[PDB]
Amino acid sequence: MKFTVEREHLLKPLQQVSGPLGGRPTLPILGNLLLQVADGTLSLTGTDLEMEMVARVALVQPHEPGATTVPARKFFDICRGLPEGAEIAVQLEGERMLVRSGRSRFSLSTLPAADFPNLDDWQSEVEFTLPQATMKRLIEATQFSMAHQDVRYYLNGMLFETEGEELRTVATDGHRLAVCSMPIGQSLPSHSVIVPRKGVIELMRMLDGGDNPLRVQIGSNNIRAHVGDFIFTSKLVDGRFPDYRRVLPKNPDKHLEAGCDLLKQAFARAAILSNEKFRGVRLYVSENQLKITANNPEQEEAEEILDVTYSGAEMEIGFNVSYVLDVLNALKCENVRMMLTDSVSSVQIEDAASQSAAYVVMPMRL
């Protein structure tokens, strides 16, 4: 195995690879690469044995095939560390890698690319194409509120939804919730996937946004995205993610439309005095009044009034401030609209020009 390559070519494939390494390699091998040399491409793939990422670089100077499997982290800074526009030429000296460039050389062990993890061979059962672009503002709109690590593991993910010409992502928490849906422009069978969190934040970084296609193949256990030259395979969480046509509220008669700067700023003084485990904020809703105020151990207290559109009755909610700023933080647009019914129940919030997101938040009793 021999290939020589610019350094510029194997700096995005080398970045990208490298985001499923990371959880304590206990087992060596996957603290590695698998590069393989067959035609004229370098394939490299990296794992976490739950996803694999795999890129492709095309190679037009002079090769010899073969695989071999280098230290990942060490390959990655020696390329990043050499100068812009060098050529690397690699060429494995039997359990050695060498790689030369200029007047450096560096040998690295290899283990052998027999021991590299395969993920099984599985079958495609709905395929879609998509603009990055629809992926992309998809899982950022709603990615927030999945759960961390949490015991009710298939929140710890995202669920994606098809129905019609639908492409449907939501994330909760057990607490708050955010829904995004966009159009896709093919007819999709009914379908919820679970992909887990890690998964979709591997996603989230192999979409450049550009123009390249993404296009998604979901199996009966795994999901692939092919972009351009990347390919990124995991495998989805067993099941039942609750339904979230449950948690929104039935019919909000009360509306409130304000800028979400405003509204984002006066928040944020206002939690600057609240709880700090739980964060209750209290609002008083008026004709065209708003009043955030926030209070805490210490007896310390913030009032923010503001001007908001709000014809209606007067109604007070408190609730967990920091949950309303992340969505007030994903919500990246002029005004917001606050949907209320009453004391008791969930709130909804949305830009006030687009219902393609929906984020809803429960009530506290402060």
The other form holds:
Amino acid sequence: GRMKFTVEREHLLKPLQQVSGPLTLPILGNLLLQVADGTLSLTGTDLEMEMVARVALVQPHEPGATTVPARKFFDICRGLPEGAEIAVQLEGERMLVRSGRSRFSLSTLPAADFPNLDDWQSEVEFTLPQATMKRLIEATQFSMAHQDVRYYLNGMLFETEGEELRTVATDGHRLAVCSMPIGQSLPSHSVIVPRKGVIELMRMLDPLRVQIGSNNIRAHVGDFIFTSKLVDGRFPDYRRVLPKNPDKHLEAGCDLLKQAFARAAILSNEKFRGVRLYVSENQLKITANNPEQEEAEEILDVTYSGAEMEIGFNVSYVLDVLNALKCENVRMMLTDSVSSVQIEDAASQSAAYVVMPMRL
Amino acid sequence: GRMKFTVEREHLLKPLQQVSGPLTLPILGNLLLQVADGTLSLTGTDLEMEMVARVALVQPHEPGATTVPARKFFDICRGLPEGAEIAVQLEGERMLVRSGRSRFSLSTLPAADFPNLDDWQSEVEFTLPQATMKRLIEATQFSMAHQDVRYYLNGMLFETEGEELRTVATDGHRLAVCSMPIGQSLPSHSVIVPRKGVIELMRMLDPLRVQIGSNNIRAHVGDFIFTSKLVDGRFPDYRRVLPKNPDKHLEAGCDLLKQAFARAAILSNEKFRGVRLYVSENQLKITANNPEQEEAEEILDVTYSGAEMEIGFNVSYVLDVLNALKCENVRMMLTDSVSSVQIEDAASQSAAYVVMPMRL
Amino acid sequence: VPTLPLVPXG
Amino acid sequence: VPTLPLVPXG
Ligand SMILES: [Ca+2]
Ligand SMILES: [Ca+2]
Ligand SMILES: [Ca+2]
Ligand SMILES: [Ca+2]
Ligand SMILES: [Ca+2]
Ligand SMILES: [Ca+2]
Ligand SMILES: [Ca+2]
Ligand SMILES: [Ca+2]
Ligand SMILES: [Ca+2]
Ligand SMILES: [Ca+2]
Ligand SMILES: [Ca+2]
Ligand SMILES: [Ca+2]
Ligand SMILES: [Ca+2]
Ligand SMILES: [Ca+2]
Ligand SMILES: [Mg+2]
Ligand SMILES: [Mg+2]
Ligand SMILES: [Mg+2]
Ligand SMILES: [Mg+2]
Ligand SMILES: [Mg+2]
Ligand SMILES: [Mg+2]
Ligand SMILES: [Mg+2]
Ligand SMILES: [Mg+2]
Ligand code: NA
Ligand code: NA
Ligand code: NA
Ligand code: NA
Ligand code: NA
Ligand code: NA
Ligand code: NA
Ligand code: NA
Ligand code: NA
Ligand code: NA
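For comparison with the form deposited without its partner chain, provide the form deposited with its partner chain bound.
Once more the chain from above appears, this time first in line as the rest of the complex follows.
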């Protein structure tokens, strides 16, 4: 006897949709299906990360394993009618799927050729609410580099320190850092999670147990386990990037400031996206112009009592920060026109953003 | 004195969004703005079609005209706060837009260089509900050709006959025709509306007065007027394409039939998309296979009492038809395995679809 | 892949 | 277009 199971469509759909994500080589487009001890396990991989789902089998079944094309199998199950029962068995080099008077014969590859992580070794473990992991990632994801030759910047730093978990991302022009308490005393550890691993982790956050290994990270969410390889390299130390004594503090409403930058941006250079800030007593003026010599000017009431200053920014990087802040009022901390600015929620220091200016 | 007006954002937004659609040459990226007799007119064009919006001016204004970059002007107005008042005036070679403490100076080009349709000549005119025009277009739009060297097939035939308006579209593999009563006695006329003109007409249908000219078509919807050039060429006669005596009639539920074709399609050839139909007494069997020698089989109860037949189809063309029908039951009218099939709503003859089979 | 009887072009 | 003081790379 070979692998055989019968399952309700709605017990299979969401597990199948999730494992079909991290999928190149032919067997890497397949899911590994394994039936053992009343459980169907489904695994997808791209050789660097892996997603496993477990599904309880409440109908009779026979143990075994195969691999089957992942998107086809998912699309077949999704396309069957609501409430359908799905029967699966192996027939030679094919997997036969039956439901009602529908039949599908899919090509298989042997389970024995499916990749597996063989040297897993855990080094730190903790649990935290899914919403906390999601805040940490959403607070910083947009500042990761994209296809930088400095490979370690294309991912996200995850760091444990004290009772806090921290994420850091930077692309050399801007940096984001966010720290959240998790109520457990943690060893100090820092690892770099690749971009595609961050994306997959987010797909799962719909509590979370995390294990950080020597060369991999693992997340347990309900009946799913996600594993990703870590990135080698020395990630930069955000503590050395934060401005040292940004004495000049400007506070403004986040909505009004964002809306003003967004309007000014319309008439900025399409390639370089530069806008000019002029800070004066309780006032901010934003100006933009382009090669057509069009000009935008916005004047806002703000809270500011420092020296007058003019400073240039890539407006896209500024808007990225304001959109990631979920706050009523924003604090910009300035030093001079050629030094980075620190931006934060006026009422919370959980996250900080550092943006380098452009020369005027 | 030059053109000047002040208007509420919400009186400008939707007109601006609509005219900014049909927009290449620099002045063709601008809107023509004209103030006269208490009305602001806004016009966008791509040299073959034109959209005009009229906006009543309830605040003081001065007559004149200019052209201004369309997307920038729209994005500025959209980005101003809800309830904003927008003041516009001309300053040298620029248009100055003011609202609150926001200022925008846009580059202009002279109104005198903006294109205009000079030889308009109307030949037939009628009114019909927007929902009827939308049904006519949605019933057939998907069967238009895309970038066919036979230019006339890339558009949609609009034909008046008796008291009916008709649309026809075909790409040589499939054809769609739809006819609706409009309650007015019409002269017989046939014109071809280009693809982009059909799309624009749909954007306006959110009653409609239509004028069909010698070389153009014009639609009046509220305070908008849309004009499109017509396509030259001899459009094919759908009456000669319909199967002559499709004696073998199959009736089936539309949802079940569509869902079965959709599942079979998963295991069809990704390039050629062929599925096989086997019709027998009150039964339809759909089969698909691919170069990997995977196989799908669907069996459905249908109403059918003709001879047994096997016929092949591009499943994408079949699904396109079933998705465009909005019906409980579908009628397929068959002749033989190498002749086209006619598909229609079992309870309505307003629309008909003709699909050529593939050889088995 | 036969065409509909469009004249000309099939 | 100066960079943040990333070591190395700026
Ligand atoms: Ca059931
Ligand atoms: Ca067998
Ligand atoms: Ca693996
Ligand atoms: Ca494993
Ligand atoms: Ca460093
Ligand atoms: Ca608020
Ligand atoms: Ca606050
Ligand atoms: Ca107002
Ligand atoms: Ca002037
Ligand atoms: Ca024109
Ligand atoms: Ca005109
Ligand atoms: Ca003809
Ligand atoms: Ca229904
Ligand atoms: Ca019916
Ligand atoms: Mg087995
Ligand atoms: Mg089989
Ligand atoms: Mg296979
Ligand atoms: Mg400095
Ligand atoms: Mg004027
Ligand atoms: Mg000006
Ligand atoms: Mg211009
Ligand atoms: Mg024939
Ligand atoms: Na077996
Ligand atoms: Na596994
Ligand atoms: Na079954
Ligand atoms: Na789990
Ligand atoms: Na500029
Ligand atoms: Na004037
Ligand atoms: Na006009
Ligand atoms: Na104003
Ligand atoms: Na009108
Ligand atoms: Na085939």
